[PDB]
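Only one chain is shown below, in structure tokens, and it's the form solved without the named molecule.
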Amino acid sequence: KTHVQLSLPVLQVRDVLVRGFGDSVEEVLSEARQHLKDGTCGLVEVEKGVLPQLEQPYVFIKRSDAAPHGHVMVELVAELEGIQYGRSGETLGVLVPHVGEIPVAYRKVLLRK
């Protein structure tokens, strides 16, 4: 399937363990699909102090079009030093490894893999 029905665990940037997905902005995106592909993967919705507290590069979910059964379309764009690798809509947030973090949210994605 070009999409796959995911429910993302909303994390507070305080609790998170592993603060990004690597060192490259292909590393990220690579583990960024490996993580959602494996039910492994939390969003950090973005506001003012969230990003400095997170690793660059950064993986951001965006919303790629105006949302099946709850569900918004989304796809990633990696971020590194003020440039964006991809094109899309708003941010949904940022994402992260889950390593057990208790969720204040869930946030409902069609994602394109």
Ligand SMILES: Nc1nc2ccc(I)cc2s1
Given for the second form:
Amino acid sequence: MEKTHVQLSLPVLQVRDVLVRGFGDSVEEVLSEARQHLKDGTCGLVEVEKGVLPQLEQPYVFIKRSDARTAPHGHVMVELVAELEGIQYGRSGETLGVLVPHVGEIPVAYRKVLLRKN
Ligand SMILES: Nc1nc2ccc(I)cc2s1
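Starting from the form solved without the named molecule, produce the coordinates for the form solved in complex with the named molecule.
Let's see the whole complex now, leading with the same chain.
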């Protein structure tokens, strides 16, 4: 009975602090693990700038904006899209960041999102 969307506040991490630099070894695994870490409260977000992606591990999981009107309760509506070797699995809007495991690193901010659970 999972609701279609969940309001989450994600810790924003600096890339050089991240200890576990991705979720796994295949597109299906990284999407699965991302969704589990989101449910457990153990997922962080790295904002993408020059130099960030080469310091993280593929496949990547991005959170991308899913619409233009829903910022319900101050949370941007987003969905997950994976990337491996330049091919994306999903099509969505602008990237808010790359998701990574959170294992206790100190964040620099929080990003409020309304996440589509599949
Ligand atoms: N299918 C499911 N994916 C997710 C993603 C985030 C959260 I919180 C719960 C679930 S259950």
